[PDB]
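Given chain M, work out where chains L, G, I, W and H should sit, using these hints.
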Amino acid sequence: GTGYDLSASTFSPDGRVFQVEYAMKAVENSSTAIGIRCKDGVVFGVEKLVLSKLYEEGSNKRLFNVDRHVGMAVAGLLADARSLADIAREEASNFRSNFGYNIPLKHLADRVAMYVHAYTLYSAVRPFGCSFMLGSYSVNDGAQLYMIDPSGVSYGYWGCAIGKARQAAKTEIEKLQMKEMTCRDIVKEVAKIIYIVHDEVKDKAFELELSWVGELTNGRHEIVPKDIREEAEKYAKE
Amino acid sequence: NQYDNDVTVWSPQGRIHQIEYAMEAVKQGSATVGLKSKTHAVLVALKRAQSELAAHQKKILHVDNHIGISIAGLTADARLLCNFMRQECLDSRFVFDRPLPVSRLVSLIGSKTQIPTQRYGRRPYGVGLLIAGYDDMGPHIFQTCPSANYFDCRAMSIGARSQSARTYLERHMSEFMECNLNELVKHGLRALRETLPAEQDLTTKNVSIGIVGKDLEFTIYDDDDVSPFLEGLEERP
Amino acid sequence: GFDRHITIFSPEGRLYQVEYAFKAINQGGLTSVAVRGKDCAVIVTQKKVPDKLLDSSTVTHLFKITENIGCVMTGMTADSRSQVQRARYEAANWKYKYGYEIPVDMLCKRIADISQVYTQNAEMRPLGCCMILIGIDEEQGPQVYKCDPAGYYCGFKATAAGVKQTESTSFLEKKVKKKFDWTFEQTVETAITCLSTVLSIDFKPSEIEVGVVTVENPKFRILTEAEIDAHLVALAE
Amino acid sequence: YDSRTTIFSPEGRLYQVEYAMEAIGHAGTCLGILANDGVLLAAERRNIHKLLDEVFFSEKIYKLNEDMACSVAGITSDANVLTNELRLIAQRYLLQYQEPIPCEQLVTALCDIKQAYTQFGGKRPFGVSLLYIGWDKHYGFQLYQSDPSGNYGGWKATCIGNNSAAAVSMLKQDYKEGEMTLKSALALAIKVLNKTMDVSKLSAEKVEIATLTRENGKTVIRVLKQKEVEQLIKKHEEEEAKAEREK
Amino acid sequence: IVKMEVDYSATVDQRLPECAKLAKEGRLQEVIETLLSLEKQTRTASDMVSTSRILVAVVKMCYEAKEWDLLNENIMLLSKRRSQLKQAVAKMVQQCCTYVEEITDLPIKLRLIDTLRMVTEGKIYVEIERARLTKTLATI
Amino acid sequence: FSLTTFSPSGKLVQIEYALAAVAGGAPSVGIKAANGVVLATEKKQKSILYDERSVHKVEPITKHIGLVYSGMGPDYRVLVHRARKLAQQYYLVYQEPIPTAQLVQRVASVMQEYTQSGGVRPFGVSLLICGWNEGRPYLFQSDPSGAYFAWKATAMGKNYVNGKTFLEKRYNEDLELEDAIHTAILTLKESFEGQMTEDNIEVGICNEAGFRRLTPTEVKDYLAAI
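Chains as they are written, first to last, in the deposited numbering: chain M, 4 to 241; chain L, 4 to 240; chain G, 8 to 244; chain I, 5 to 251; chain W, 13 to 152; chain H, 8 to 233.
With the rest of the complex left out, here is chain M:
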């Protein structure tokens, strides 16, 4: 503390970077998220606090489309999250322009994690206050899902959660048996887990932003049709 947690370039006496240790606290404080790799795809899901009913239908959505087959579910400081999503979109576009075809998810996650590490390495710039999952599917490489901490590195996840209640979500995620369940029931189950996570116990009403990618969508990461997934929300309510 004191003089060591002032700039990211200052190492702790024990050998730690306290700026990122505090940036992780913003992710821990912001709303939670969940992403599950189904048998033939990856299903996302994020609850979003409607801080006031003055807002329209779900805006500043935690889900983003960084590429044609790749989607990003982010939590934490949302402005820097959107800036990082723009960075990821630019990286995917550059890779498609240079090497053709579609950017593999592992390489995209590695590059964006390296960019985040570059931002947390120096002193003038500050570490990003956001953690996100990158999910994509392809016929060749199946379904992948990588999660990036505000300072850490991408890690392969069968199913991951980040935000306010990580352990509470992860317990039921590990309770759920993935790797053999189709993405439909996985949408139902991610909605169920999010509603199991507390929504109105001490906060306002929450909206359910759920994303899709898989062979059922032949790649092409898109937001699940909310009109037909309201019944999945109803099953989650029960």
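What the hints contain is simulated information worked out from the structure, not anything from laboratory work. C-beta: ideal position from N, C-alpha, C; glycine also. Wrong hints could be hidden among the right ones.
As the list claims (entries may be wrong) - One-sided and incomplete, this derived list gives chain I residues near chain H with beta-carbon spacing under 7 Å: (1) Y23; (2) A27; (3) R128.
Unchecked claim - Taking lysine-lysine and the PhoX-like style, the derived pairs with C-alpha atoms no more than 25 Å apart in a straight line are: (4) L:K208 x L:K61; (5) H:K227 x G:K116; (6) G:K116 x H:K92; (7) M:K207 x M:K182; (8) M:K56 x L:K30; (9) I:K222 x I:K67; (10) H:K92 x G:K164; (11) I:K222 x I:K54; (12) G:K181 x H:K92; (13) H:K92 x G:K185; (14) G:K185 x H:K50; (15) G:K55 x G:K45; (16) G:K226 x M:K109; (17) M:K64 x L:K208; (18) M:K240 x M:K191.
Okay, now just chains L, G, I, W and H, sitting in the frame of chain M:
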């Protein structure tokens, strides 16, 4: 408190303090409301006056025929944002001859304002923006805070004592889509009038109206143009 | 003051920032062992996987920098990946500028020079990750080197890095003092028993990931589950 | 109170620059005396450890141009770069005008660069003050003293060393313009160096002196080697012995 | 010690007695190997009761088929494979203790010392020491 | 700020801390003999895990310029790389002078990027330079902030004071032949704690024929009969 000195540094408890102080810049400013309808977007801004001799300053800035903004807070780095938005919209006109959709413009503003929140020696743009635009999906109202986290809103207000206007809009937001132009403008006027103390009241000289519609390009109405809307005020200070 | 806060020389005549980064390598809870043999060089590190929701396929700390050089990383994972990317870039750039493949010692020297530039100046900070890189070199046999956050690139025969690196180095010193060369069965078994004596869990053949480079067979073989299980069975016999 | 170099004082003083200039008095010792048909520099060799070889052939005295030579009295790190820049300026003038650079112009350029160093940016002032002796077509033999403040001065008998006050007092007491010659200037320089150096009977190794003389249409800057220096020492010793015994 | 992952109580119940019938006189070693694979599977699944039953069955098969030498290297392999489960090996020694005391024979002294070597590798105070005391008394 | 800095009134505090750092613990003695110059240092590796033929303390900058150093070895690597580049650039500009001893003074002078442009943090290594392409040998020392000193015999280790005292008492002298390396090894012996061996001691010699880092065979041969 050490950790509150600079924007780059991060507080141990979580979010940084400089941006939280930045949101107080919009809090310390004249009130302004902005509401959507089925076909129109209307901004009602309180033209704060220095003295009776001086004018009531300028609010509800003009961006393009279909986009108009209302500032609230630090006026220095607000004309800069207005210039940036004007330049981006004109670039869109110059490249593909179409009105720049409001959502993309707001995303550009958020991305542009995000960088100062991370670059050392650069203060965040402590300006609250109430952007009114009419893209192909009807009217749109967006709120841009200095935290670079924009929001879409059916009806939002920012400024000093704007919480009362927020509550009035929320209680009356159900009957907003099906309202005539004059009816919606009167809703906004009632919302703004509820912000000031009972001594203050709406005048033709201290209020500004910005209306954009399907067939109506963005227009900044003032005293003579406001008087037809100001009639039927139903004054309950 | 700020002697212990920035990369500046202490009044006592020391450099405390890199001294803290070396302990940062210890932070993270991991260990690695590198053993050079008569003809091969093997490196093994534990694979600490909390919960099975992670993909054990990609949680590795060892990588292929080029077709014949493999590294293992100890410390913070972000800096580790950044230095791995830098090493791969350096190897590719050397192969482009010079036709022959980059010697492992030269690659370690370049990485250590980059780290020394990092500990120089004050704008940036040293990367808290210690890299042990191995590879077969003609007219030199197997070669193992370590580059540290300071920039001191050295290490040979038996060298370890991590939390309990001192105990592993002591046991490997005892083993190398016992004058007998290790073939391509004894080197792997020596590394495995070293890491097992350091952390007594009996090393179920899933929590470690060993990289091997031999002379008759080049390339950085990341031995699969079957190979590590067979070596473990042979050792525990 | 001191801070980043480009500051002032509540009174209005440049205390960083003043501190640097006072520190110039600390360490090093050089003196320049101007006489007709020859102007010379005398330098005190600080470290005379027997483990050196004296192959650089000059430590304090530096030849900066065909018609001039300097002697630093500050930190050697800045002294080397300042001498290099001074030689570069002189040779640039020689290239531009095809004529040896006047001493005053060279000194003004150097003090301008020092004033710039102490003026703008977060850069340390050049902690070094140096003398200059030289000859030109306009003013003949000239001597100049420049301080780290960038305010040079045209002197004729001055010292810049540790006991610079004592040395300049000894000069003022025993300086006679017009009547002064090269040999008398040598005698006065050796005498004042013996005064400012506590150990009497100074060795030729601890003192380095260089004389600039005007030959036939050509300037010769000869550094006095050991034998000539100790012969001057012997003549001075004879003079001292005669003066002391004749009382 | 460690939490059980995958139980094979149904598998051992349906197969172990059938394996005993298939190798009533113990002429087949493929039956021994396949239960070694099965107990390895349960060992990787961290199950103690299944491994203990397999070891007890294996030694019981050696008792009935009276292969004294093959018992020696079989128990050596079982106790030295990866050390298995401390509960299971402590059990297996106990029925070995119960069996060596009933048949006088000449090479039971070799059986006594063999188990002594298997238990003298450590783990004396922990996981049964009375067996080693009884074996030493048996040697006396 | 971004250069050699932190100079208060009458002091160079940062430079003084750099000089305290270069006190180090590696003696790295140097002796200028009549025939040539010997730069001998101590390679006391921690344990036997480290190797001695992998990393070197003596580096030949060019054909007959050899270099030995002091504390902060990682800084020394960058410094010797810069010195090699500078000497190569000088030889390319002034093509084919075989520049070693008419360059040793020059390369020592161009060791101003070494410290006069410190790079925020000054270098923490003092280096001894040897060259003999002038018919005469040269021994120079560049410190973390100063410049060429033109030594004849010196040490830059933890016991550099007593090492220099031993050098002067043992009469480094002027008539000493090229085999003053025995005296250099003896001077190391005073600042050495152990039975020094061929791999424990690294020495390079620079005579009129050129510079050469003595292999462990000759180092052990000289260490024999000591």
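Here is how each hint holds up against the structure:
Of the supplied interface hints, the one on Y23 (chain I) holds, with its beta-carbon coming within about 4 Å of a beta-carbon of chain H, less than 7 Å. Checking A27 (chain I) against chain H by beta carbon gives a least distance of about 4 Å; that is within 7 Å, so the hint holds. The closest approach between the C-beta of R128 (chain I) and any C-beta of chain H is roughly 6 Å, which is under the 7 Å cut-off, so the hint is satisfied. Distance check on the hinted pair: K208 (chain L) and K61 (chain L) sit about 11 Å apart at the alpha-carbon level, within 25 Å; holds.
In summary, the hint linking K227 (chain H) to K116 (chain G) is not supported, as the alpha carbons are separated by about 28 Å, beyond the 25 Å threshold. Between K116 (chain G) and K92 (chain H), the direct Cα distance comes to roughly 16 Å. Compliance with the 25 Å bound is thereby established for this hinted pair. For the hint pairing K207 (chain M) with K182 (chain M), the CA-to-CA distance comes to about 34 Å; that exceeds 25 Å, so the pair is violated. In summary, the hint linking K56 (chain M) to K30 (chain L) is supported, as the alpha carbons are separated by about 20 Å, within the 25 Å threshold.
In summary, the hint linking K222 (chain I) to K67 (chain I) is supported, as the alpha carbons are separated by about 15 Å, within the 25 Å threshold. With a CA separation close to 32 Å, the supplied pair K92 (chain H) and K164 (chain G) exceeds the 25 Å bound. A threshold of 25 Å between alpha carbons decides the hint, and for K222 (chain I) with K54 (chain I) the separation of about 37 Å lies outside it, so the pair is violated. For the given pair, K181 (chain G) sits about 43 Å from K92 (chain H) by alpha-carbon distance, which is inconsistent with the 25 Å threshold.
For the hint linking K92 (chain H) to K185 (chain G), the alpha-carbon distance of about 44 Å lies beyond 25 Å, and the restraint is violated. Proximity of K185 (chain G) to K50 (chain H) is assessed by CA-CA distance (about 23 Å); at most 25 Å being required, the pair is judged to hold. Taken as a hint, the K55 (chain G) and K45 (chain G) pair is broken in the structure, with Cα atoms around 30 Å apart against an allowance of 25 Å. A distance of roughly 23 Å separates the Cα atoms of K226 (chain G) and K109 (chain M); the hinted pair therefore holds under the 25 Å criterion.
Between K64 (chain M) and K208 (chain L), the direct Cα distance comes to roughly 40 Å. Violation of the 25 Å bound is thereby established for this hinted pair. For the hint pairing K240 (chain M) with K191 (chain M), the CA-to-CA distance comes to about 10 Å; that is within 25 Å, so the pair holds.
Hint compliance for this structure: hints 5, 7, 10, 11, 12, 13, 15 and 17 are not met, and every other hint is.
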